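Before any questions on how it binds or moves, here is one chain, the form deposited in one PDB entry, in structure tokens.
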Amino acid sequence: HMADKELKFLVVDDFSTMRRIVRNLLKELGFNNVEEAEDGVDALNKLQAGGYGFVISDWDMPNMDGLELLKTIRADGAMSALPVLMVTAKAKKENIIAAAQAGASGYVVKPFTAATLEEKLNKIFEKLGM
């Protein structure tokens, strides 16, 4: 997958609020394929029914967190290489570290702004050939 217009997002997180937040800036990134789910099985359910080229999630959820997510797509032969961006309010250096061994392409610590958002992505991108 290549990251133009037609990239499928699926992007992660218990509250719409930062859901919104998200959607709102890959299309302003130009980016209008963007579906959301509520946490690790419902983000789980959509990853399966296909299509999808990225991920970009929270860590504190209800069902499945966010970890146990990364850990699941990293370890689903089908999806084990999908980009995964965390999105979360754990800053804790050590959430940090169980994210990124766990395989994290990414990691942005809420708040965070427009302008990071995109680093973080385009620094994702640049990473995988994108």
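Positions refer to the first chain, counted from 1. Only the largest set of C-alpha atoms that superpose within 1.5 Å between the two forms is called the rigid core. Compared with the form deposited in another entry:
- Annotation: Cα of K27 displaced by less than 2 Å between the two forms, core superposition.
- Relative to the superposed rigid core, the position of the CA of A91 differs between the two forms by 2 Å or more.
- Remark: with the core as the superposition reference, the CA shift of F112 between the two forms reaches 2 Å or more.
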The other form holds:
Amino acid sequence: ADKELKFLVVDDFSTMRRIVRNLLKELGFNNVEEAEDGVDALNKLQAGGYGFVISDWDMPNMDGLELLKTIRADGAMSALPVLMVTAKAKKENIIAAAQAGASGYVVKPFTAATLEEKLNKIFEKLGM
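Please could you give me the other form, the form deposited in another entry, since above is the form deposited in one PDB entry?
FYI, this one's just the chain on its own, none of its partners or other molecules.
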């Protein structure tokens, strides 16, 4: 929490976005915006200031893999961390996300304790 980061939480289910935002609040991260799919996420990211993305995978309009690829291709935002979120209903194409440079993976639903452990692993390995 003594880390100043603006998060973007992306999920097409409003209920899950709110859960994740509230978990972040429990961890002391109070600057957290939501987006409902990858297209919406672009509009947020282009406004600037974001430091970490937590993105669902399967979404209407633009999915999380396409979002990840678009971020990684961007000359300013190419290193933005992206934690990919998958659901138990379907195992996603992890090989493609690994190829594209996902920062990590987590299966929803999860608690704040799990999220914290995941975030800290990413902070440590990327050096932020």
